[PDB]
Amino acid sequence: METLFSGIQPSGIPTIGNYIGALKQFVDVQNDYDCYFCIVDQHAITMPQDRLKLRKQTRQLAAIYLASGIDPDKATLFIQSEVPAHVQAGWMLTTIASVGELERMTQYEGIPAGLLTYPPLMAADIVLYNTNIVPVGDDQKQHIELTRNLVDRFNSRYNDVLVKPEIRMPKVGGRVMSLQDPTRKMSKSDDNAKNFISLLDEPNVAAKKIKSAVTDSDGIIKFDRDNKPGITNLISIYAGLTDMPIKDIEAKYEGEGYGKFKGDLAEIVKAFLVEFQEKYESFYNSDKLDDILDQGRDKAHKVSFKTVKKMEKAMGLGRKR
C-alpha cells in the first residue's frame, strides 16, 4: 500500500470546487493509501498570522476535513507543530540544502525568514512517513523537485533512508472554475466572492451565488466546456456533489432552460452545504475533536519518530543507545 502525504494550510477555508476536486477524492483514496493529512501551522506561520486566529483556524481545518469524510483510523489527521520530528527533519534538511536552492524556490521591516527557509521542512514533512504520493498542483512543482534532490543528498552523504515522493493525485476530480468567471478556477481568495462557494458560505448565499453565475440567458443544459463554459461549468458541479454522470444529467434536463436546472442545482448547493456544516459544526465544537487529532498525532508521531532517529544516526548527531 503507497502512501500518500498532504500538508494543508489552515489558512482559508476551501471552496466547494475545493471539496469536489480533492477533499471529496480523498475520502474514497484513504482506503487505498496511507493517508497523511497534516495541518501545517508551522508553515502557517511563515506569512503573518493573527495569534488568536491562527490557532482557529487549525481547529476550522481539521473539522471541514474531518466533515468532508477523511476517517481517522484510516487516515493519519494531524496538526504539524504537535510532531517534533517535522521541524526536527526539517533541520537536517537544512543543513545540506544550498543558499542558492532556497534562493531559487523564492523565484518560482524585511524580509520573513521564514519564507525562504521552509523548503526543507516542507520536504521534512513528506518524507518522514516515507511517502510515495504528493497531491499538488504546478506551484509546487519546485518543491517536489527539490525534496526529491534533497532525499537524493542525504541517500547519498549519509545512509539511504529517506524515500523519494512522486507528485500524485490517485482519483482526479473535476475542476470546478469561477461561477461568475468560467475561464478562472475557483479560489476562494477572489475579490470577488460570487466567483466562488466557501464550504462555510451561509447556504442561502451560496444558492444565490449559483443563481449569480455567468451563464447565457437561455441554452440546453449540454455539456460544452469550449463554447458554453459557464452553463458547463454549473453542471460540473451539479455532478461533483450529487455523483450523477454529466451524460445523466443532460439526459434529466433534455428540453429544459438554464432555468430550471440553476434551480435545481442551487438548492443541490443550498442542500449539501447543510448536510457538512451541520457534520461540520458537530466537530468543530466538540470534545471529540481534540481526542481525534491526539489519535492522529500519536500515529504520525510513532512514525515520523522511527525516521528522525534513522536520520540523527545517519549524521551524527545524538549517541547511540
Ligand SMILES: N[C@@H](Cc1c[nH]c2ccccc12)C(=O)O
Given for the second form:
2 protein chains.
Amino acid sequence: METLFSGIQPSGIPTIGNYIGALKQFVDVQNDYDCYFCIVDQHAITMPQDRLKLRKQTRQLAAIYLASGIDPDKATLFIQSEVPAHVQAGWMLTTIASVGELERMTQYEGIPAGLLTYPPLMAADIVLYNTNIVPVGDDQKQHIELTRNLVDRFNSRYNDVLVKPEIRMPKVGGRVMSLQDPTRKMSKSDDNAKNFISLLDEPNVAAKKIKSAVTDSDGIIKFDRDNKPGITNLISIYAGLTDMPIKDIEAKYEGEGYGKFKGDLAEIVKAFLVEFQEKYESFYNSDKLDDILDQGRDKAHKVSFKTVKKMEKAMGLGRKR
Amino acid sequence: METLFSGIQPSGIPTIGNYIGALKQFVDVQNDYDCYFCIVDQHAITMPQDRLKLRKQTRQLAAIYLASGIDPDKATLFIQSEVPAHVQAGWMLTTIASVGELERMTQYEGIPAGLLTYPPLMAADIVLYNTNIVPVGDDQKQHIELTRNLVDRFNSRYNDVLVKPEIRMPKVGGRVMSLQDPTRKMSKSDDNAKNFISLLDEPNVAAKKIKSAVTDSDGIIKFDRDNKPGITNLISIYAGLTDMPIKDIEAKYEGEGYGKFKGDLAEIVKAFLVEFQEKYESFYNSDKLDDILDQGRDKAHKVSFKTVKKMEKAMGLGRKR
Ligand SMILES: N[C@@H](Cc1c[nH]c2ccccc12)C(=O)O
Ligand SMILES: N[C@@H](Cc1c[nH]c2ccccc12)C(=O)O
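Switch from the form deposited without the named molecule to the form deposited with the named molecule bound and print that structure.
To see the whole picture, the full complex is given below, headed by that same chain.
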C-alpha cells in the first residue's frame, strides 16, 4: 500500500468545493492508501494567529474531517504539535538545507522567521511517514522539489533512510468554481461570500447562494464549460453532492430550465449541509473526539519515532543505547 | 536557588584552561545553584560534523564533565537531542523572531541554514528551565540579548510564562593563557599544540608542555602579568590545580628559580591528569554512564515539559485536555 500525507491548515473552514475536490475523495482513497491527515498547528503559527482561536480552529478541522467520513482506524488523523518528531526531523533537515534554498521558496516590525524556515519542517512532515504521495497543488511544487532534494541530500550524506515523495492525488475530484465568478476556483477566503459555500454556512444561506449563482436567465441543463460556465459549475456541484453522473443529470432535466434545476440543487445543497453539520456538531462537541485525536497522535508517533530514530543515528545525534 | 544553564558543544576536548576557568568552578557552584549542563548535539550539526564521531564526542564531554566532579544528583547533565522540548520551544520562538534579527547574529555549496536559525533554539535551550544565569563569554552577548528580547516578545504577545536570563558566572576561575603565547587565551583548537594542555593529553606530554612554556630563562617566582606574563601564567595554572593561594606559591619558591618551579608544576600537571583521566576512563567505559545520562535526560524532560506545555497553551498550539 502506498502512503499518502496531507497537511491541513487549521485556519478556516473548507468549502463545498474543497469537499467535492478533495475531502470526499480522501474518504474513498483511505481504503486503498495508508493515509496521514496532519493538522499542522505548528505551520499555522508561522503566520498571524490569535492564540485563543487557534485551538478551536484545530478542533474544527478535525471535526470537519471526521464528519466527512475520514475514518480514524483506516487513516491517521492527528495534530502536528502533538508528535514531537516533526520539529525533531524538521530541525535535522534545516541543518542540511541552505539559506539560498529557503530564500528562493519565499519568492516563488520585521518578516517573521517562520515564513522562511517552515519548508524543511514541511519536508519533515512528509518523510517522517515514508510518504509516497502528497496531494498538493501547483503552488506547492517548490516545496516538494525541496523535499525530494533534502531527501537525496540526507540519504547521500548520512545513509539511505528517507523516501522521496511524489505529488499525486489518487482520485481527482471535480473542480468547483466561484458561484458568482465561474472562471476562478471557489475559495474559503473570497471577499464576496456569495462566491463560496462553506461547509459551516447556514444551510438556508447556502441554498440562497445556489439561487444567487451567476448564470444565464434560462437555458438547457447541459454541461458546457466554455460557453455556459455558470450552469456548468452548478451541474458539477450537483454531481459532487449526489454522485449522479453528469450525463444522467442532463437526462433528468431534459426539457427543464434553470428555475427547476437551481431550485432542486439548492435543496440538495441544503440537505447535504444539514446532514454534514449534524455529524460535524456531534464530533466537535463530544468527548470521544479527544480519544480519536489521542489515537491518531499515538499512531503517528509510533511510525515517526522510528523514522526520527534512524535519522538521529545516521547523523550521530544522541546516544547508542 | 538561582537556575544556571550551560550549553556544552560536543566538538573537542576542554583544556586545563577550560577546567581552571569553568569546570572546577561549576563543581563548586552546583551546590548553590540549580545547574543545567546541556550537551548540545543539535547545535553541533549546524556545523560540519562526522556522523560516526559525533556520538563519541558527546560521550566524551559527558565523561569529562563527570570526571571533573559534576554531580548528576546535584545538577542536571543531559544530551540536548534526547529532550524534545528544545526543538519544540525552539520552533515556537523561531516564529516570533525576525529574519533581520537572525541575519544580524550571523554578522556579529551554500551556507547551511542551521548557522542562521540556531539562535532561537539557543534561546529555547535556556528559558526551558526558567534559567536565571548563563555563564557565557562576550562572543555570546548578542545571543543572550536575542534571548531576552524573545522572552519579552513572547510574554507580551502571549502571556508571561518565560524568564529572562542574565549572563553571569557565579565564581569566575583564573584566566589561563597559551603556554607559548601568554597574551592569548589558551584554546583547544590552537594550531600550535604546545600552546594548550588538553585534559586528554598524555600526562607525560603535558609535563613537557609545561617545560616548553615560553618564559624568561630564569627569574623569581612572583606574580606579575604585565612584565612576566610567561611565569605568571604558569603560576596561575599552579594555583588552579593545587588551590594554593598565589601569595602562598610565592612564599614556597622564595629563593627558587624557574627550573625548580617548572619542574614541580610539570609534576603537578602530570599528576592531575593521571587522576583526572582515570576518572574519565571509568566514566567513559562504564554502563552506568548511560544510566547517568538517562537520569539527566529524565530530569531535564520533567522540567522543560511543563515549560513547553505553558508555551503551547499560550500560543494556542495543540489541544486542551
Ligand atoms: N504547507 C502546507 C501545509 C503542509 C505542511 N506540511 C505538509 C505536508 C504535505 C502537504 C501539506 C503540508 C500549506 O501551506 O497548506
Ligand atoms: N551556542 C553555544 C552553545 C549553546 C547552545 N545553547 C546554549 C545555552 C546557553 C549557553 C550556551 C549554549 C556555543 O556555540 O558554544
